[PDB]
Amino acid sequence: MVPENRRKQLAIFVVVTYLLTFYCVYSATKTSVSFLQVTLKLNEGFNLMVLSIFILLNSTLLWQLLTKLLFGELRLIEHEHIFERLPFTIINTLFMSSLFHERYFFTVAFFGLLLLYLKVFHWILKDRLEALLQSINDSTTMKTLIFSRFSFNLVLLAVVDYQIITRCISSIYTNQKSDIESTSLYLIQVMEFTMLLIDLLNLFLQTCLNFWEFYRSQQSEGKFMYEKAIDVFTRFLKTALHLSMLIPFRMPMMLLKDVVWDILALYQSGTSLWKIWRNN
Amino acid sequence: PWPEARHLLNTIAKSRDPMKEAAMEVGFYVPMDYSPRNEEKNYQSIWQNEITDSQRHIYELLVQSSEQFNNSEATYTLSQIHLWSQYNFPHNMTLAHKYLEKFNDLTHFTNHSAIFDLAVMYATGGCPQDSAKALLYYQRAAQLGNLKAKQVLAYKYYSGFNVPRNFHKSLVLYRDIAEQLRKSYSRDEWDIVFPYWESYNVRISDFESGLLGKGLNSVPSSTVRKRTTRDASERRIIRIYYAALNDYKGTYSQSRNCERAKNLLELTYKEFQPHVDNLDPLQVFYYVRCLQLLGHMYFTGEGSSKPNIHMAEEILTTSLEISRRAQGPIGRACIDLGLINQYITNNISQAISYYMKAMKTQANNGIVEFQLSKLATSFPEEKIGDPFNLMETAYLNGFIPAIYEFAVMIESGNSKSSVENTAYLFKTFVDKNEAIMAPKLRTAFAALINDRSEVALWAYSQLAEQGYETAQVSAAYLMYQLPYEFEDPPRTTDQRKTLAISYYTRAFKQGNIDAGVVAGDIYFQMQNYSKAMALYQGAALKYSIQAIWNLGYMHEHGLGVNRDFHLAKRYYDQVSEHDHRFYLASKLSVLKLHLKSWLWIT
Numbered sequence: 001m002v003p004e005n006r007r008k009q010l011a012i013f014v015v016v017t018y019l020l021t022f023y024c025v026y027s028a029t030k031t032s033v034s035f036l037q038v039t040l041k042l043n044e045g046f047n048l049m050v051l052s053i054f055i056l057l058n059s060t061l062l063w064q065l066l067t068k069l070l071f072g073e074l075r076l077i078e079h080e081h082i083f084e085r086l087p088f089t090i091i092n093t094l095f096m097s098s099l100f101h102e103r104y105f106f107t108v109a110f111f112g113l114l115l116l117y118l119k120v121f122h123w124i125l126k127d128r129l130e131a132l133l134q135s136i137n138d139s140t141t142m143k144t145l146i147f148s149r150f151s152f153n154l155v156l157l158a159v160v161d162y163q164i165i166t167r168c169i170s171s172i173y174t175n176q177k178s179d180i181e182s183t184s185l186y187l188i189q190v191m192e193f194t195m196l197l198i199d200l201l202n203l204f205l206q207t208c209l210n211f212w213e214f215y216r217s218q219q220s265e266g267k268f269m270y271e272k273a274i275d276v277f278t279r280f281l282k283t284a285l286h287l288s289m290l291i292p293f294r295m296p297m298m299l300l301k302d303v304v305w306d307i308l309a310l311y312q313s314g315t316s317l318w319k320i321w322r323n324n
Numbered sequence: 026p027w028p029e030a031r032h033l034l035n036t037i038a039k040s041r042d043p044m045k046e047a048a049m050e057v058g059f060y061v062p063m064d065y066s067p068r069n070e071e072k073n074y075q076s077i078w079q080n081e082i083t084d085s086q087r088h089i090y091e092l093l094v095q096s097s098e099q100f101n102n103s104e105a106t107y108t109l110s111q112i113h114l115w116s117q118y119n120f121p122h123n124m125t126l127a128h129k130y131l132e133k134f135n136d137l138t139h140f141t142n143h144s145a146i147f148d149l150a151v152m153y154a155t156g157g158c168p169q170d171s172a173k174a175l176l177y178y179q180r181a182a183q184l185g186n187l188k189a190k191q192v193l194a195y196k197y198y199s200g201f202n203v204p205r206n207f208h209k210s211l212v213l214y215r216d217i218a219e220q221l222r223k224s225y226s227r228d229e230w231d232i233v234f235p236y237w238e239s240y241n242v243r244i245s246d247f248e249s250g251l252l253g254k255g256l257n258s259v260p261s262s263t264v265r266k267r268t269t270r313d314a315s316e317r318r319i320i321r322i323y324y325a326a327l328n329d330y331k332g333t334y335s336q337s338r339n340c341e342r343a344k345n346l347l348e349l350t351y352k353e354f355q356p357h358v359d360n361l362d363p364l365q366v367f368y369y370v371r372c373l374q375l376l377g378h379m380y381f382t383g384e385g386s387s388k389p390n391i392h393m394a395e396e397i398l399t400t401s402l403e404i405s406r407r408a409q410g411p412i413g414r415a416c417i418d419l420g421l422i423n424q425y426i427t428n429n430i431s432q433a434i435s436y437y438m439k440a441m442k443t444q445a446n447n448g449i450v451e452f453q454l455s456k457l458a459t460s461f462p463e464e465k466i467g468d469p470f471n472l473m474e475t476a477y478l479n480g481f482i483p484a485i486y487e488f489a490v491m492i493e494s495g497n498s499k500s501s502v503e504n505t506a507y508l509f510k511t512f513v514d515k516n517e518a519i520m521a522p523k524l525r526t527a528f529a530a531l532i533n534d535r536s537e538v539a540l541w542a543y544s545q546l547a548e549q550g551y552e553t554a555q556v557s558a559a560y561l562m563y564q565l566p567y568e569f570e571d572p573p574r575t576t577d578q579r580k581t582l583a584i585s586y587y588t589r590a591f592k593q594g595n596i597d598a599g600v601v602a603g604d605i606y607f608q609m610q611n612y613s614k615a616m617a618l619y620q621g622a623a624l625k626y627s628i629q630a631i632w633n634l635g636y637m638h639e640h641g642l643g644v645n646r647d648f649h650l651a652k653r654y655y656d657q658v659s660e661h662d663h664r665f666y667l668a669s670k671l672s673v674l675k676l677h678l679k680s681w682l684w685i686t
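Residue numbers (the deposited numbering), protein chains in the order written: chain B, 1 to 220, 265 to 324; chain A, 26 to 50, 57 to 158, 168 to 270, 313 to 495, 497 to 682, 684 to 686.
Okay, chain A solo, but in the shape it has when bound:
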């Protein structure tokens, strides 16, 4: 019956991602607490009222096929259905476990995707957690040749979580994965132009107020792109350019749509070219910016079939001519022209001149120094900077291939070639390519903005183990939030909190600060008072306001340390000294302190 099963499943379009369908022409709800009885009753109601009869027939056929015969291909499919909540079916975390276990029993440790998922489910203890079985499964899935498994093992060896600290093993694993990733790219994608994949590496709960309060948190918000923005004659070109931009680099709610931008740019160029001379005061800026954007879109070839190299060159040199007078910007135009005449045409000196004019611009990230270093390596008689220095500046700026090239270069020669710096470089590369190792962030966000919340928690828990800090703090926020004042605390089970604490702690040790304060609050609610002050002090040494004030509050009460009012006043004067706007609260707290002291009457 499985052939008929596949033929039927061919017509349901597994998962709809509103980030993509909203590109033809807000936020989400997160929950606060959890209860298994409510969830299973919701599951029963969904199966009772929503599902259509054809889907009933399909699911019954699937159960019969995967139960009667050891089909080994209906089990996997039904497990994926119940796990990623595809084909309009609801989420179950125990039955997916059952079916993945059956599949692993069948295929005798030959399939590594199911082994990876099972190791995750055995390490997070969703279903008790047992680290040894999960580690064995990680090893096994690393042997078979999975990348993410090698990455999670390398990270687990690099941070000291769950195993002792060790830098050489992490170095070896990171070198292996960096080599594979370098060999997974073509020559044109590496040398000429890097592909543009939309990143969803943001942490959730930055669209909302924030973590541990607004205007109170230390680490700045990380939402790099969300709807950039800034009377009849003037505003038209502004609106048209901003529509072009907002449809070139897609946003979070709506992904990119490039053909629209191509049409719009060619239309506005053909319409505005005859009479450009009248737009001197301000509009020449935005017009030449649009012109450069369209030239770049032609040179790369996005939104079209193939690149138009010669037309792009003419368009860009026209843009640069228009820019010469009225002193417009030359960044992207010079960058692209240099990229062209160095490889497409065989005149190198012009490319050198272009790059040298482009180095000091703001628009470049790392391309200029990268090409300069490669050429200087190929032609030592140019007298153009120093290869190590150029690759160094490139790596520092943030260009991806430069990270790997600089790691290789610093490993080839001493130049402070310790194990820590090299491990850090390779980890930076592996983490920051993000196009193969972290594709599940897209899926997580998609499933999250269509009311399926648990599957988002699952995807984020899967991405936590690899070391993607933002995914860690996101899964944490979805498992436990900070409750508003004078309100009952959440009602989540104990395992939920004891996992959220680990995720918070690893997020903190990764570099984030606010996770320290929030984990301290989790312990404070859990009535520990012992391991809380530890994190509190560890964060206070990094100058956190709420951390310091809360440490004061902890001291001046009977919990933990015993009633040392002096150190309390010390910490309150500290929080008043470091930052300003907390003046009133510091003073009022010292006043309460004085009042307690005097009420001496007894």
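Extracted from the complex, chain B is given alone in its bound form:
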């Protein structure tokens, strides 16, 4: 998590950034006439980078507080997991960013940071569900309101990504311009957020599976079979969407990476299918 020296380093960082931004703003103000000119002066390189640093700091702090509100506190296992998983995804997102140049500099970063936060949320959600399953308490039946809390988390993230993808499809449809690269950018956003939605769907069907299991076990084949069936189903949906979207664009790298790891996941799915045949 946060070592003591890291915490004091972060406090120093915050105060340095605040002081720098205040000084830059006051400087660009006192040497200008009207709002337009001080705007054109803030957009200058050094002040631009300083303001972007400020924006990043405030966004990370906002997301930290949003997490503290939503998921309370994280268990150490979750933190180990996320600390381990971050770098590969960060590199992949930077690679998505490097696809478009100065033209799409800022909006891509907007959507990328949004995707990063949503992926972190999805992962901590999956880990919290797995904790709930281990920590099941059979003193009471799994009341409608406990599943209601968990499904409140689920539907929160669900309506978030759904609003995003629907608004992006609407933006694509209304923008039949010569700016085709914007359509491709929006298609990347669709791929990412729809992947997140399919992951949420997978989790939803698995938790309904466990709910019906608890239902029948309290009221009145191996579950492994159905869990792996849903696994194959969702991975197949992933592969289908990835093909149907990235083949039109003919992407040099995202296409190859995605489909290679997808065919490796299909290798795993065939092995699980043989497990099913043994369990048939």
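Do not rely on the hints blindly, as some may be mistaken.
[As the list claims (entries may be wrong)] Below, a list of computed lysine to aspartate or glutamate pairs in the DMTMM-like style, where the Cα atoms sit at most 25 Å apart:
no.: 1; chain 1: B; residue 1: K30; chain 2: A; residue 2: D64
no.: 2; chain 1: A; residue 1: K266; chain 2: A; residue 2: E50
no.: 3; chain 1: B; residue 1: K41; chain 2: A; residue 2: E248
no.: 4; chain 1: B; residue 1: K30; chain 2: A; residue 2: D246
no.: 5; chain 1: B; residue 1: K41; chain 2: A; residue 2: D656
no.: 6; chain 1: B; residue 1: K41; chain 2: A; residue 2: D571
no.: 7; chain 1: A; residue 1: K670; chain 2: B; residue 2: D275
no.: 8; chain 1: A; residue 1: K331; chain 2: A; residue 2: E46
no.: 9; chain 1: A; residue 1: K670; chain 2: B; residue 2: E44
[Said to hold, decoys possible] Derived, one-sided and incomplete: chain B residues facing chain A with beta-carbon distance under 10 Å:
no.: 10; residue: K8
no.: 11; residue: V33
no.: 12; residue: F35
no.: 13; residue: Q37
no.: 14; residue: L42
no.: 15; residue: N43
Bear in mind the hints are in silico, worked out from the structure with no lab data behind them.
Where a beta carbon is used, it is the ideal one built from N, C-alpha and C, also for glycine.
Start from chain B and add chain A according to the hints.
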């Protein structure tokens, strides 16, 4: 005592112009506000500490002579001293008025220079302003035969300022002045080569940031010439050519010095001619350019006693020979050769060939088409273009005598011979000769770069009335500037601002845009809110960014129009649509708009 006065004054060298003395071997400070008490105390300190005793004696003798006897020639001289701040004496605008009034009382409206100056001082209200007396004085000084007075009256009749609009009177006056100016030139200066007078027609406050902010103003900067510019073997010819150029067409801080250029060119030519064949890759360009410049300097005769026609012809044909291989430029060389063999020698067909080779070049301004049209008029069997078309292209390009010749031609025959176009042509000529009607720009700049600021404001106020837009906006800038943000506004008197507003407004109506925005800001500070939006809209119709954004800001507040947030968002989306770099500010302003709207909570 006046003979002794003149004999003493003979030794002081009235005014030093650093633009000229700096040619043997930066910028200036402008003030922000003004206060008469501080100025008179500065005047007292200057008289108490600086002046030398001989100057004390001289000034006392001048006062005694111009007071005791009606000398009528010490009054004028002392008025000029106190007005143009010459002979190291300081500036007074009230005592110069007193003495010019006494002189005018003496010489019973026979001297028109003093009448012109008095009309200016009565129209600008420096000393209240009264337009009728100034107009009477303008008429009177026009009768006596002054050019600038006729010009200011013609302009005042042409723009509609202070009198109703009228085009025929302006046409008549402009024709009169154009005729006099045409007759003030010789035959050689008109036909062969036009004299080269350094123009100071720039507007001040373009050496600084600019007007209404840098990177924000619409009209492009007008500073045509300021120190043009662009390892041991190569760079030597570059440096030598650029020194030659920067000492041929003098700059603003340092005027021209031609003898140095002549010496340098002849030296480098005599030194480089033996082994030119080794400079193929790039240096032949700059060498032949220097060669052509020196040939032109010989043909005209500047920096020397008299022209050397035959040597110039040999030098130019050698330049053209060297240019044939390595495909160098041929502009100035062909132009000058054509000018020579058409008048100096009597072989015309060669001049025709030269010109026809020179028409499509970049270096010509108007000379080619001018000579072609004149010859076609003299020899109709040449089959060379159309006279009207040639003179038209010439006028369009920017050559001075072609303007007048085209005006005469279009007045001689319909060809859309309305009054507006003809008035515009004649005004363009009268304004653009600039060598007789606007000599005071040099004096103004000189007095301005030696810390005497008020006299520069006076010269620029005098040149404003004639219609020299740049002088208008310059006097305006010296009277009121735009204050930096979160800072107290200037403390100038009311008359200063009410005159700066008129100068800004006339500068705007003349064609400039930024003056509209700045006058709108003057009114906004003056708390009018009524006549501001007028100028703001008048400039917004010409696509000014700050104008539009400020009109939005004006709308969305309670001032003027009442809180119409919709039109505010409309104008902000407009300013975001037209130009790009104002994206962030437009978006942030719409965001403030939304925040105001929601804070709906109440």
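Comparing the hints with the structure gives:
1. For the given pair, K30 (chain B) sits about 19 Å from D64 (chain A) by alpha-carbon distance, which is consistent with the 25 Å threshold.
2. For the hint linking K266 (chain A) to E50 (chain A), the alpha-carbon distance of about 18 Å falls within 25 Å, and the restraint holds.
3. The suggested pairing of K41 (chain B) with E248 (chain A) holds, with an alpha-carbon distance near 17 Å, which does not exceed 25 Å.
4. Simply put, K30 (chain B) and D246 (chain A) have alpha-carbon atoms about 21 Å apart, close enough for the 25 Å limit, and the pair holds.
5. A distance of roughly 21 Å separates the Cα atoms of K41 (chain B) and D656 (chain A); the hinted pair therefore holds under the 25 Å criterion.
6. Of the pairs offered as hints, the one joining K41 (chain B) and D571 (chain A) holds, with about 22 Å between alpha carbons and a cut-off of 25 Å not exceeded.
7. Simply put, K670 (chain A) and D275 (chain B) have alpha-carbon atoms about 45 Å apart, too far for the 25 Å limit, and the pair is violated.
8. Distance check on the hinted pair: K331 (chain A) and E46 (chain A) sit about 16 Å apart at the alpha-carbon level, within 25 Å; holds.
9. The hinted pair formed by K670 (chain A) and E44 (chain B) meets the criterion: a straight-line CA distance of about 17 Å does not exceed 25 Å.
10. Hint on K8 (chain B) is violated. Least Cβ distance to chain A is approximately 34 Å, over the 10 Å limit.
11. Taken as an interface hint, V33 (chain B) checks out: its beta carbon lies about 5 Å from the nearest beta carbon of chain A, inside 10 Å.
12. Checking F35 (chain B) against chain A: minimum C-beta separation of about 6 Å stays under 10 Å; hint holds.
13. Restraint check, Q37 (chain B) versus chain A: the minimum CB separation of about 4 Å is within 10 Å; hint holds.
14. Because the closest C-beta pair between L42 (chain B) and chain A is about 7 Å apart, less than 10 Å, the hint holds.
15. Contact between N43 (chain B) and chain A, as hinted, is supported at the beta carbon level, the nearest pair being about 6 Å apart and thus within 10 Å.
Going through the hint list in order, the structure does not satisfy hints 7, 10.
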